[PDB]
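*Asks:* Got chain B; can you put chains C and A on it based on the hints?
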Amino acid sequence: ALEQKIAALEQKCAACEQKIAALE
Amino acid sequence: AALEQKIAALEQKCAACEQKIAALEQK
Amino acid sequence: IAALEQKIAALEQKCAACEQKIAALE
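Chains B, C and A, in that order, give the protein sequences.
For the deposited numbering, add 3 to where a residue sits in the first sequence, where the first one is 1.
For the deposited numbering, add 2 to where a residue sits in the second sequence, where the first one is 1.
For the deposited numbering, add 1 to where a residue sits in the third sequence, where the first one is 1.
Bound conformation, chain B alone:
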């Protein structure tokens, strides 16, 4: 399913905006 593929990316990139912002 597509629902499961979206869920996997959602988990994968759960805190990357925050972590990049912290590195910055």
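Don't take each hint at face value.
[Unchecked claim] Below are the BS3-like pairs computed for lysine-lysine, each with C-alpha atoms no more than 25 Å apart in a straight line:
hint: 1; chain 1: A; residue 1: 8; chain 2: B; residue 2: 8
hint: 2; chain 1: B; residue 1: 22; chain 2: C; residue 2: 22
hint: 3; chain 1: C; residue 1: 8; chain 2: B; residue 2: 22
hint: 4; chain 1: C; residue 1: 29; chain 2: C; residue 2: 15
hint: 5; chain 1: A; residue 1: 22; chain 2: B; residue 2: 22
hint: 6; chain 1: C; residue 1: 29; chain 2: A; residue 2: 15
hint: 7; chain 1: C; residue 1: 15; chain 2: A; residue 2: 8
hint: 8; chain 1: B; residue 1: 8; chain 2: A; residue 2: 15
hint: 9; chain 1: C; residue 1: 29; chain 2: B; residue 2: 22
hint: 10; chain 1: A; residue 1: 15; chain 2: C; residue 2: 15
hint: 11; chain 1: A; residue 1: 22; chain 2: A; residue 2: 8
hint: 12; chain 1: C; residue 1: 29; chain 2: A; residue 2: 22
hint: 13; chain 1: B; residue 1: 8; chain 2: C; residue 2: 8
hint: 14; chain 1: C; residue 1: 15; chain 2: B; residue 2: 15
hint: 15; chain 1: A; residue 1: 15; chain 2: C; residue 2: 8
hint: 16; chain 1: A; residue 1: 22; chain 2: B; residue 2: 8
hint: 17; chain 1: C; residue 1: 22; chain 2: A; residue 2: 8
hint: 18; chain 1: A; residue 1: 15; chain 2: B; residue 2: 22
hint: 19; chain 1: B; residue 1: 15; chain 2: A; residue 2: 15
hint: 20; chain 1: A; residue 1: 8; chain 2: B; residue 2: 15
hint: 21; chain 1: C; residue 1: 22; chain 2: A; residue 2: 22
hint: 22; chain 1: C; residue 1: 29; chain 2: B; residue 2: 8
hint: 23; chain 1: C; residue 1: 22; chain 2: A; residue 2: 15
hint: 24; chain 1: C; residue 1: 8; chain 2: A; residue 2: 8
hint: 25; chain 1: B; residue 1: 15; chain 2: C; residue 2: 22
hint: 26; chain 1: C; residue 1: 8; chain 2: B; residue 2: 15
hint: 27; chain 1: A; residue 1: 22; chain 2: C; residue 2: 15
It is worth saying that the hints were derived from the structure and are not from the lab.
*Replies:* Relative to the frame of chain B, chains C and A by itself:
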């Protein structure tokens, strides 16, 4: 449906993800 | 749906090494 929206939200969230990581790498 | 399939593939490619590069930078 719900799905299209969850996809759009991800597209927006990680819009600049890769370019900022690269800027961080370069600097 | 055919587009939704394509858009998901697009994000999987975009952020393929994303978490690994962040971890390394940290």
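*Asks:* Any of the earlier hints contradicted here, and which numbers?
*Replies:* Violated: hint 22 alone.
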